[PDB]
Amino acid sequence: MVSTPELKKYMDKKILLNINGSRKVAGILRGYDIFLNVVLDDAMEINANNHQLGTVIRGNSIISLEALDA
Amino acid sequence: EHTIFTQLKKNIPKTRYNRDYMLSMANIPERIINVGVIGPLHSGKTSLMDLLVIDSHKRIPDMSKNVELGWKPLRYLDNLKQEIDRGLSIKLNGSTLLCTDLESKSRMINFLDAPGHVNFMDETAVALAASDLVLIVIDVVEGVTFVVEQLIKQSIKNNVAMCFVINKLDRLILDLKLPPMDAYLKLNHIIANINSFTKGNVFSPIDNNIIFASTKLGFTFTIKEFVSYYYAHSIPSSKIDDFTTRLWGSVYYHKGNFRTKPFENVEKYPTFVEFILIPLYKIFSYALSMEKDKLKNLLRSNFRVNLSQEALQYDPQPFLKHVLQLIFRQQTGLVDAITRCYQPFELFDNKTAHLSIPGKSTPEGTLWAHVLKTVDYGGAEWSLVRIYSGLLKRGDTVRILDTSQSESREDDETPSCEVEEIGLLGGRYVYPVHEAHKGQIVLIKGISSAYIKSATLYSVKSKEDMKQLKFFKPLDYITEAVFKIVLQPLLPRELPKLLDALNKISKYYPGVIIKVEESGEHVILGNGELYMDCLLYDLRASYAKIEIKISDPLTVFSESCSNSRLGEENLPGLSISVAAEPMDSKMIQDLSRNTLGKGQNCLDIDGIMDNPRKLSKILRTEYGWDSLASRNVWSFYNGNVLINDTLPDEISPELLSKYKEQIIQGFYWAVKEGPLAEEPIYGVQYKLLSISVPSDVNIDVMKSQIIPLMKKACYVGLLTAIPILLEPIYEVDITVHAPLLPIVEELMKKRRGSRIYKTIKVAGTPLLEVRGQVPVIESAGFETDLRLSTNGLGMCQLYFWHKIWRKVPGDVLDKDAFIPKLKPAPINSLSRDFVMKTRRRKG
Amino acid sequence: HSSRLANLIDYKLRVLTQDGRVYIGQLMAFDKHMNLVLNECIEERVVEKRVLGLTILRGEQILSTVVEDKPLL
Amino acid sequence: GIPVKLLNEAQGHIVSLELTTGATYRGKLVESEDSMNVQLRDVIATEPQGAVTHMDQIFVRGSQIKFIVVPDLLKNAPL
RNA sequence: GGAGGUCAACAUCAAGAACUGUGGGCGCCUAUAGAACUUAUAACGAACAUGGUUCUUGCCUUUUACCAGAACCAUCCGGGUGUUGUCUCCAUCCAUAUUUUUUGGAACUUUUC
Ligand SMILES: Nc1nc2c(ncn2[C@@H]2O[C@H](COP(=O)(O)OP(=O)(O)OP(=O)(O)O)[C@@H](O)[C@H]2O)c(=O)[nH]1
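Chains as they are written, first to last, in full-length UniProt numbering: chain A, 1 to 47, 52 to 58, 61 to 76; chain B, 102 to 510, 530 to 683, 696 to 975; chain C, 8 to 53, 77 to 103; chain D, 5 to 83.
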C-alpha cells in the first residue's frame, strides 16, 4: 500500500491540473502525498477568466496532471 | 529470405519466451538495455552467463548427461576450441536474451562476455565502448586487487554504471569453512574496499548495488530478492520494505523488537547472520550431513517444496546444486537489480559526449552506428555495432568511416557498403534479423572492409546535419603492446599468404600492431606471452595454413636524455638552434594519463585547443611554470612538448607563423622516429633558441629544406644532451602462500629488476598480495618460473598501466663496456648493448 | 476464499458494468479487487458492436458476471 | 496480482483507456503503478463530443480509470 | 505381477544438427542403412596386453627371439543396452468503514431525436 507516486520529475515545474467538476488549475509543483494531495504555488484558475490566487488540492479530486512546456 | 530464415530457424535451439515477444519489445528506446561483464581471472563471468542461458532454453542441445547434473561447468560463449582447450575466455561472445524481473515487466538484454585475463583487457575496452553499465565480479576469496581498481577506475571514468557481484560465497564457507560471524565481517571488508576507490557514491547490501552468488552451485541473492520470496509471505507488506533497511550493519532483533544496542541479554547476533547466513549454512550442512528423509520435512515446512526420490539419488555435489537451484529460482534478483539501477538521462549525454564532441545537433531521424569489435564466426567476419540512432535493414546502402581519418575531422570523402544481413548474437547461434533499432547491438554482414578496428557508421541526408555530425573518437585500449616478435615465413615463396593473414589478425585482435620492415620481416606487437601465443596458433591453424618462423621475444625501446645547438640548411639559408630538456616526472605522468582535466585533475595537453591562457594556467598552477614559457607552448609532439623561446620570436612572429605547420608536421615526424634506433622519444621538451631565415625568401624556405633541417637539429640536440635508452616495465601481481614468499623474492632477484613495490597480507585468506615490477626484456617465461618454483601454488599477472619507461642502466653512448656474443649484458651497461643489436636491424 | 472464481477461469463471460455497457470474452486473469482480464473483447452498447482486444477492467466498474459458454479446448 | 503485472508489461507499447470522465486517451505508456496511476506521452484524447486534442505529458489516478485496452501479444505473457 | 538371478540365446554400442534411399501411420512424424562436419576420442573400459604389414634407428646381413619411434590394420581380456526364453524368492493464502478499487457524490428532475 501507500506507493509514494513518481512525481519527483514534476517538482518545481508548471502544471495543468484537472479536477472534479470540470475545473482546472495552473501552478508550480511544490510537494505531493501518498494519497496524491498536491501543493501548488502561483495558482491561477481557468474558469476563460483567469484569477490569480497564490494552494493545497485534494488527492481524491484529481483526475490528471499535465505539463505545459516539454 | 523466408527460405533462409526457415533453414536458419531449425539450427538455433529455440527458447521458452520466444523470439516474437523478444523481437516485439525492441521498439521502445527505454525498453531493453546493454550490459557488459568484466572481472579478473576466472571470476566466473562466463558461467554467470551460462546460468542465464540454461534458465532460458529448454533443450539445451550441447549438454552431456554428466555436465547437466553437476561436475563440469557448462560453458557457453566459449565456442572457440582454443578457449575450451586453453580453459580461459579470450574473445568476447555476446548473448541476447528476453529477461523478466520482479515487477514482471520483461526487457531485452544484450550481455557481453569479456575476458578477465589481463592480456585481453583490449577486449574489455571494446565491450565497455558499447555497454551502458558494467557488472564487476569479485571473488570473495581473492577480494580486490590492482586490476579491480583499474577496472572500476576506467569504468567510472567512462560513465559506466557499476554493480558489484561477490561470487564464490560457497567457497568461503566450504573451502575456508569460515564461521558465520567471521563470514559477514569478511564480506563487509570487501564491500568497504570497493567503496574507497569509488568516489561520490557509496554502496551497501542495502542499496542493492551488491549481489551475492555462487555461479558453480547455481544461485544469486540480493537482500531484496530474498525478503519478498520467503520472508515476505510471513509478514505485512508495509513493514517489510523497512526490514531491509534494518537488515544490514549494526542491527539485532531480540524477540519481535530489534535494538541497535550491541547484544544485551544472552545469545545474540546482528540480523544479516540471523536471517540469511545461518540458514544458508544449515542448507549446506543439512543437505550433505542430514539424512535425506529429514530434509524433506524442512522443505515443506520452511519452503513448501516437495522432492521425488530421484532427486535424492545423486551425490553430495549434484544433489546440493539441485537443491540450491530448486530453492532459489531463476536469477531475476540479478535482472531486477540491474533494471532499477540505471537512469538513462544522467549518464547518457555524458557517455555519448566523451566519445564525441558535446554538440549536439540534428538528433533523431538519422542512422548512427559505432563499430567496435569484429567477430570471427563460423562464417566470415561479422561487424559488431551499437545502434546509436535510427534503423537498419537488409540491403541498406551505408556510408562508412574509420577513426584515424576521423581524427582528420563533400565528394570523395564517403565510401559505403550495403548491409547484407543483421543478426542478434546468442553465443553459439545467431538469430536472423530483418531490421535493427536504436539501442541494440547487432552483428552485421559485409560492413567489414571499410574499417580496421573501430569505425563510426552514419547515414546523413542533410548538408547541415552532415556538418553537425561528429565522428566517434578512436577507442583507447587499456594497455600498450610493448612485446615484440619478428616473423618470417619458413619458405619465402609463401609471403602473400602471410601478408593476408596478418591483416586478418589486425582485424580480429584490436591490440595487435603489424609493421613491415625494410627486410620484409614482420614486426608483431602484442600485450604479453599468452596473447601472442593465441595469435600465433590461429595464424598457423585458422587463417594461414603456413608454417612460420618466429623469433626471440623482445621489446620496444624508447629514446631520451638528461642535460648548445648550431644548424645548417642543405642550401645554407636557414639555421636552427633548439634546446632539449628533461621533463618533470609529474608532467610526464600527467601526460600519460589520458584525461579531460575534470575535478582537480591536471589538464591533458590534448585539451590544448582550449584557450592558451587556461592551458598555461594549469602549467603555472601545477608546476610554477615560467609564464613566458607557458604562454609559448606551441604543441605537444606525438608524445612530449614544444616551446618557442627567443628574441626573433618577437622580431618576426608573422614570418615565423608562416612556418609553424612545417615545423609542426616535422616534429611529430622527427620525434616519432629517433637518432639512436629510429625509436620514439620520451620525457623530452624542446625550445627553439634561434632561427635564421633566407633574405627575401624567394620561395626558398620550403618544406623540402626546413622539415629535414629541423629533424636533424632535434637529433643533434638529443645527442649533445646525453641520450639514454628507456625500457618498459610491467607491474607484477603475485598471489602466494606466506612460506612461498622467500622463493618469490629470489625469483625477482634472478630475473634482473628484482623490485617488489609492496607486500600485503590478504585479510581473510592464507595469501599474500605481492606487487613488484619487472623489465619486459627479462620477462620471458617469468610466469612459469613462478608456477614451477611454488609447486603450483599461487599465480602471476603482468599489466601495463602507467606506461613508464625506466632508464636503462648504462650510458647511452659508450663504446667500451660490452662483452662478446651470447653473454647476458653486464649491469653497468644495458643501454649500449641495447642500441647495437637494434642499430644493426635498422641498417 | 475465491474458490468459485478460479472455476470460471477460461470461459467466455458476459460482464455488465456500472455504465450499462456489457463486455464479452474469455477470462485469463482475476484479482482480489475483482479486476478482470478478458481476451478478444466486444462491447454491446444499447444494434451495436465494437472490437477492442485485451481489456483490463477495474473492480469499481464491474456489476455482474455470467458464463456465456463452456471452457474452450 | 496478475491484473496489475499485465499493465506493467504493456509499458512502452501504445494503450487505450476509459475514465469516469467519459473520455478515452491513447498513447505510449511510460510508467504505471499498483494504484493504477499512469504516465503517458503524445496522447490523443477523444471525449463524448468527439473533440480531439493533444497532451504532451499526463499523470492519472487509478480510481478515475474504468478500464484499459492493451496490445494483442500480451495474451501469451506468463501468468 | 515384481525383484534377483554371475543362467543362457539373439541383436546392437559414443552423442548431435543437417543430405539421400527404403518401410509404416495420418506435406508431417517414427525406424533402419550410407556420406560429411563438430565434441576432446569425457571415458563403451577413470583398465591397458600381444600380433601382422609398411616405413624409418641398432644389428651375424641369419630366427619360433629383440632395441624404440611412425602410420595402417588385426587379435585378446572386459563393459553397457534392448529383446527372447528360462531359473530361485516373493506376491497372482491475511481482515482495511476515514483520500487510488468491497460500507457509495448518491438521489432527483427536464429538454432534444
Ligand atoms: N568454488 C567455486 N568456484 C567457482 C564458483 N563459480 C566460479 N568458480 C570458478 O570459476 C571457474 C570456472 O568458471 P569460468 O566462467 O569457466 O571462468 P571465467 O570466470 O569465465 O574465467 P575467464 O574466462 O578467465 O573470465 C572454476 O575453475 C571455479 O574455480 C563457485 O561458486 N565456487
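Derived from the structure by calculation, the hints contain no laboratory data. Even for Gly, the Cβ is constructed at its ideal location relative to N, Cα and C. Incorrect hints may have been included.
[To be verified] In silico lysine-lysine, BS3-like type, Cα no more than 27 Å apart, as pairs: (1) C/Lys-100 x D/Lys-79; (2) B/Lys-369 x B/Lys-340; (3) A/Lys-8 x B/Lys-340; (4) B/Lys-461 x B/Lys-730.
[What the hints assert, rightly or not] If we take Cβ atoms under 7 Å as the criterion, some of the chain D residues that face chain A in the derived model are: (5) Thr-50; (6) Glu-51; (7) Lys-70.
Give me the numbers of the hints this structure contradicts, sorted from smallest to largest.
Checked against the structure, the hints that fail are numbers 5, 6 and 7, while the rest are satisfied.
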